[PDB]
Amino acid sequence: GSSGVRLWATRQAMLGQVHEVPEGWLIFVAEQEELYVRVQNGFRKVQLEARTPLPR
Amino acid sequence: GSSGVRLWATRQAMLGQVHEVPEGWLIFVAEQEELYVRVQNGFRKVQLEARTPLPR
Amino acid sequence: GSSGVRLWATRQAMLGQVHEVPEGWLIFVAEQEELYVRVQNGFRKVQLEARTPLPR
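Residue numbers (PDB author numbering), protein chains in the order written: chain B, -1 to 54; chain C, -1 to 54; chain A, -1 to 54.
Source of the hints: derived by calculation from the structure; they are not laboratory data.
Some hints could be false.
Pairs involving identical chains hold if they fit within one copy or between any two copies, as the list cannot separate such chains.
To be verified - With a Cα cut of at most 20 Å, we get these calculated SDA-like pairs of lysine to any residue: (1) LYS43 with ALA28; (2) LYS43 with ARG54; (3) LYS43 with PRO53; (4) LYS43 with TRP23; (5) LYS43 with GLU31; (6) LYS43 with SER1.
Put together the whole structure using the sequences plus the hints.
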């Protein structure tokens, strides 16, 4: 099957809808700059490194 | 270019189709709750943290 | 809100277009086998593990 990536502006908006995200979808929250994957009965944060700036 | 995220229920199901998944696609296997990225001649596991529960 | 995954052959190619990738998209660079997520004013590398070979 196929899933994809969903994003919300804030972790707050994301939590309001996370029950409705299917397992296997990635979830990004823009304010906090955090990435997770939805799993059975929860979600697991993806380890990210420091921000690399955009090229000049 | 654009890729996406593919999803399978189990390890065996994913291993059976992985040759046909192009590089740069993410792969989620629900049973193991593991996420990978397809790379040249194989795939690399994405490091995940412990499960965060869904809000009550 | 949904995003997705974009890929490029090389890091140089990706850097050429990364301003036009929206926040919350994942970015894969094939030659370097690196995975990032686009964030405010930059991009963050995703921690990957060693390559698992494709099944026999």
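Verification of the hints:
In this assembly of identical chains, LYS43 and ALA28 lie within 20 Å of each other by CA distance both inside one copy and across copies; the values are 14 Å within and 15 Å between. For the identical chains of this complex, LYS43 and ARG54 are inter-copy neighbours only, at 18 Å across copies versus 30 Å inside a copy, given an alpha-carbon limit of 20 Å. Within a single copy, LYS43 and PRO53 get their C-alpha atoms only as close as 27 Å, which misses the 20 Å cut-off; across copies the closest is 15 Å, which meets it. In this assembly of identical chains, the alpha carbons of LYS43 and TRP23 lie at most 20 Å apart whether taken from the same copy (12 Å) or from different copies (16 Å).
For the identical chains of this complex, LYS43 and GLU31 are neighbours both inside a copy (11 Å) and across copies (12 Å), given an alpha-carbon limit of 20 Å. Taking the shortest Cα distances, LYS43 and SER1 sit within 20 Å of each other both inside one copy (17 Å) and across copies (17 Å).
Going through the hint list in order, the structure satisfies each hint without exception.
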